[PDB]
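One chain is shown next in structure tokens, namely the form deposited in one PDB entry.
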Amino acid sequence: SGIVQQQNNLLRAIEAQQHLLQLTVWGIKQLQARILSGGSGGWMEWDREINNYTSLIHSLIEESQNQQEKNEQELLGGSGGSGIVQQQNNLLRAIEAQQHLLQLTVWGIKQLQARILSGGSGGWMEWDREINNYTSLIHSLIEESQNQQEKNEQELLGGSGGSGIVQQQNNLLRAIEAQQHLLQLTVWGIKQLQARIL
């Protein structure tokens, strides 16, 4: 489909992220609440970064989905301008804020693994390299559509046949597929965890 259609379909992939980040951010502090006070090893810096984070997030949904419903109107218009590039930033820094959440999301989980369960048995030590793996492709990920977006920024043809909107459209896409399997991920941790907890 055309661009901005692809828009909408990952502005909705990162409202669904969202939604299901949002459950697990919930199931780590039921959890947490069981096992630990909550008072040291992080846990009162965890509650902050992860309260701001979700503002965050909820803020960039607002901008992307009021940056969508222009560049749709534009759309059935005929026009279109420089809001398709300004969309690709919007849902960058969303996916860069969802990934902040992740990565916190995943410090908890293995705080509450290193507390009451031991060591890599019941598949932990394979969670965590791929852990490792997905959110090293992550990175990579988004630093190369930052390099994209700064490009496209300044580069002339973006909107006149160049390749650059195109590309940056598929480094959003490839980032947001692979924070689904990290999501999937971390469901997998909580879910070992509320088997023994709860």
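Definition used throughout: the rigid core is the maximal C-alpha set that superposes within 1.5 Å between two forms. Positions refer to the first chain, counted from 1. Compared with the form deposited in another entry:
- Put the two forms on the same core and the Cα of residue 79 is off by 2 Å or more between the two forms.
- The Cα position of residue 158 differs by 2 Å or more between the two forms after fitting on the rigid core.
Would you generate the structure of this protein in the form deposited in another entry, following the form deposited in one PDB entry above?
Only one chain is given; partner chains and other molecules are left out.
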């Protein structure tokens, strides 16, 4: 159960990244003000959908903090292992919600760049590949984490402990690592755009 502690670090990472995401939404909205009107190209709905997933991620983080405290109160008593798996489910869900958010910000930047820069620059052709790659890498890890969660849950019947829980911990970690890369790419692109206008 170094796990319960690690879960806390994983959750803290996910909060760190959410703050970071929010600073990029801020950057896009500024750029968008200067380049567009808003009532067209799917931008009213973008705004509405950033808000819907932001709300969603706030709830998952709230729900996850509460489960975390619970797990911390339960290290000595035994009858644990169930909260640990519950928590893995909670972090996975947070990661997915944040993936919906990156995909949105990613779309936003593509739309803006299309209008004001030649996509052909070497810097932007790498960006496009790196985005496509990290996005595939992330879905793969999510797909794989989903498969493991179900396996872990089914094996909590008579398991008596598992590497399944440790494999899953790894999975969630590697997904977050990947989101960070994607997060760095989106910050680079806003910086290119902002340098072009502002």
